[PDB]
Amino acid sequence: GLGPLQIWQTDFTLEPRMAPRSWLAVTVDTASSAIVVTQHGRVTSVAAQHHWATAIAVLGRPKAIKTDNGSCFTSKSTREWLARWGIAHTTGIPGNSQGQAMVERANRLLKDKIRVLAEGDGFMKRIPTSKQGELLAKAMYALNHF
């Protein structure tokens, strides 16, 4: 009612411990601080849309999504996908310098958690491909659920 606006922040961050699908797409729901992360082999417009399809299934449809000016986010294809869903998109002030410190902070907490969990299982370098999915799901659980 007087509750926070439903605005998300989304960004891509590279994590070589998760190669070959080392591009992690991370969305922070600013109203709840919930985080959703998915893994991708390449940063393309389609990877961003696949990420947000997953995020909408888990968090519901937001009123707006804030991103940086990465081309996977400002292409015609991504713009039409967001219009199809009725979601407003902003890159904020053109040289906002900040504006998405929340997702930036999530990126760092996420990578730290993947490293500590991986090293706890004995993987000091790249995580074996077959173990990556449960390890990413474990890091996401750890940052969301208390």
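Here the rigid core means the biggest group of C-alpha atoms that line up within 1.5 Å when the two forms are laid on top of each other. Positions refer to the first chain, counted from 1. Residues that one form lacks are left out of the comparison. What changes on going to the form deposited in another entry:
Superposition of the core reveals a Cα shift of less than 2 Å for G41 between the two forms.
For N96, the Cα coordinates differ by 2 angstroms or more between the two forms after the core has been superposed. In this core-based overlay, residues 92-99 form the only run of three or more whose Cα positions differ by 2 Å or more between the two forms.
Take the protein just shown as the form deposited in one PDB entry and give its structure as the form deposited in another entry.
Partners and other molecules omitted; one chain follows.
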């Protein structure tokens, strides 16, 4: 009736501080502005599917997901995984519309937050591998809850 539709925007961003799993998949729920992030070793169709399985457990099942035309997003595999879930897959709108901004602003806020927290803990370079998960979870908490 009157309330925003459940549409996500998803993207991958590189963050070397999180190596070897430095590919962060980030999903913004445009209905709630909630942010979900997971880390991956590579940007593959399967990484994107694992990320969305996690996002679905946390946010529920969306009506549609917007991405760019990255191959992990347009592969037969990913097309079939989304069909299996009954989730529509869409993309940017034409007419010189420059970029799904929200997930892009999120990428930036996220990388800043990771940096601030890391440097606070005394990691000026790569975050030790055993510390990464809690730090990523803490940045996600900070970006969503207050």
